[PDB]
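Here we start with a single chain on its own, the form deposited in one PDB entry, put down as structure tokens.
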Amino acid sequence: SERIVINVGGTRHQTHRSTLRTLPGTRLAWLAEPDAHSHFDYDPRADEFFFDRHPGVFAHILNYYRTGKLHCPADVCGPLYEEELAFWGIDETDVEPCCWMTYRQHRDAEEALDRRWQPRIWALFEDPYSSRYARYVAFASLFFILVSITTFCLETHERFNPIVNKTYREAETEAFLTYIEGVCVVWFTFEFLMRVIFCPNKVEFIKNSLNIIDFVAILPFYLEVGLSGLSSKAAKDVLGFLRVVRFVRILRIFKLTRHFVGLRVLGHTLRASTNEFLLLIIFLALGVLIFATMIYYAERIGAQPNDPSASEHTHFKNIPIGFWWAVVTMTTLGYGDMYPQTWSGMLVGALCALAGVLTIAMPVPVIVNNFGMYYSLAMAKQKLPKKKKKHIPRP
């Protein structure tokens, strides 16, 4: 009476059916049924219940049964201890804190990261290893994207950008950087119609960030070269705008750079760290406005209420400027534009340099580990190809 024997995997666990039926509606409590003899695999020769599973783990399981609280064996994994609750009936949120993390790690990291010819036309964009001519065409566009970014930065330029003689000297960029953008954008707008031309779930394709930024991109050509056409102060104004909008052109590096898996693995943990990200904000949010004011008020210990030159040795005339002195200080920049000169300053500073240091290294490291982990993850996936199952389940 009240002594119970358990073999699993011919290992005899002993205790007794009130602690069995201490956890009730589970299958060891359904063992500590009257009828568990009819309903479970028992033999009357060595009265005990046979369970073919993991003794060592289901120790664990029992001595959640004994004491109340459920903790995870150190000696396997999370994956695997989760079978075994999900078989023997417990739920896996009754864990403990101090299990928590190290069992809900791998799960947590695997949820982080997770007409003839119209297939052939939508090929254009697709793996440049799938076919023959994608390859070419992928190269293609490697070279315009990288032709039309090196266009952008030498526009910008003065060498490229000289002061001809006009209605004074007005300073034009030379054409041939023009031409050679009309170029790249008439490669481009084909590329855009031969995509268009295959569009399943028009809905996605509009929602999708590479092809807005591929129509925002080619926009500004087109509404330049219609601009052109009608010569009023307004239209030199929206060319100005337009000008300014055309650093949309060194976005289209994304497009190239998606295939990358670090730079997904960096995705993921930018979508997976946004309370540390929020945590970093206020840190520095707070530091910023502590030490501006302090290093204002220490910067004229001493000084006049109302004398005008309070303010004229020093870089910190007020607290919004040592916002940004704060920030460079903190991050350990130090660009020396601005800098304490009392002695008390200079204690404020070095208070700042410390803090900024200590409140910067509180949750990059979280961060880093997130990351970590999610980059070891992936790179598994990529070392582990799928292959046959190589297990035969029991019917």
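So that the term is clear: the rigid core is the largest set of C-alpha atoms that superpose within 1.5 Å between two forms. Numbering follows the first chain given and starts at 1. What changes on going to the form deposited in another entry:
- For the set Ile213, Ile149, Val76, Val238, a Cα shift of at least 2 angstroms between the two forms, after rigid core superposition, holds for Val238 and for no other residue.
- Relative to the superposed rigid core, the position of the CA of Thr93 differs between the two forms by less than 2 Å.
- Comparing the forms between the two forms on their rigid core, the Cα displacement of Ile319 stays under 2 Å.
- Remark: with the core as the superposition reference, the CA shift of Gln304 between the two forms reaches 2 Å or more.
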Second form
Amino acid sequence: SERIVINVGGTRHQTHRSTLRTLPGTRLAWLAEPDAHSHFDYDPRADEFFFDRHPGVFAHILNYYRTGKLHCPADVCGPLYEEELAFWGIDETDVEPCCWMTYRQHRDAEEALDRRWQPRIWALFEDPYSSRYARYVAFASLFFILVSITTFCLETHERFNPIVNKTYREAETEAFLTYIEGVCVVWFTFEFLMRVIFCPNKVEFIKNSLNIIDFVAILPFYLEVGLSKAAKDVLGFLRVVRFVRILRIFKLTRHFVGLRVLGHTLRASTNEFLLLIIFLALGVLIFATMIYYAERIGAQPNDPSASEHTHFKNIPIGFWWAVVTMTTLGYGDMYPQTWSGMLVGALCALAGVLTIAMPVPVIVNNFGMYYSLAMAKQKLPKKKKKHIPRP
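Form deposited in one PDB entry done; form deposited in another entry now:
No partner chains or extra molecules come along with it, only the chain itself.
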């Protein structure tokens, strides 16, 4: 009596009917019942119920029945144990906190990492490797984005902005830059019109941040025809809009893998970012106050102002110094010049190293896990599902 033998994959597990009967509703509980013989695969010759499952983990499942705490066996992958306890009826949200982080790891990484001529029209936006025209158009858009960025960076230069003797006198940009900008705008407008030709699910097309960036970047040049008092303000904000013209590089870099992994890492490590920002804000505030007060101890009594010989004339300046010093950057534009100031400075450097090295390793481990998983899923050749499951 009350002696039941479970045969799992050829390994006989023995236990009392009470231990099975503890956790109700689960399959083993139904086993403990008196009418189990009829319902299950039970042979009267050996008085053992036979289950065709991995025995090495059924040990741990039955252990959950015995003691009362479910743990993850550290010798099997999380998904294997997940599938086994799913079969046995155990809820996965019961595992002890000692095992939860190792267990729910692959599934977290996986979850985070996850009209006739219209195909030919849309073939200019598909992946470059998906065709030959696609790769050609991709190379061309790469060339033109790079040309736009170089024109921008050279337009801000002095050599290309001489000031003419024209009378108000201001520097003017060379015509060649404006011509190259016009060419790039013509090409980008052609691409944008071709991509507007076919726009399925136009709501998501407008919600697509890349097309938003494209349109905002192409707005300032096109506004040359549209553009006197309001015109000055709109030109002033048009410079700020043009400022985004460097953001067209994400159009090219979106097809990279490391960047998608970085996006997933950022989106999945919000808590650690908030933690880092809070740590830095507290450190900056405290050390700015401390250095501002330390540097006033040695202030000369002659000068009317409280601080004349110190860079730390107030606390916000302390904020700047504290950031530069905690990140071990150390420009040297402002540094302590009093023994008290030097003590506070040494404390700031050490505390900065520590409170920067606290959450950054968490973020780095997240990126490492996501990058390894993405590189694996990329490397692994497409499978043909060799295992034909039985009916």
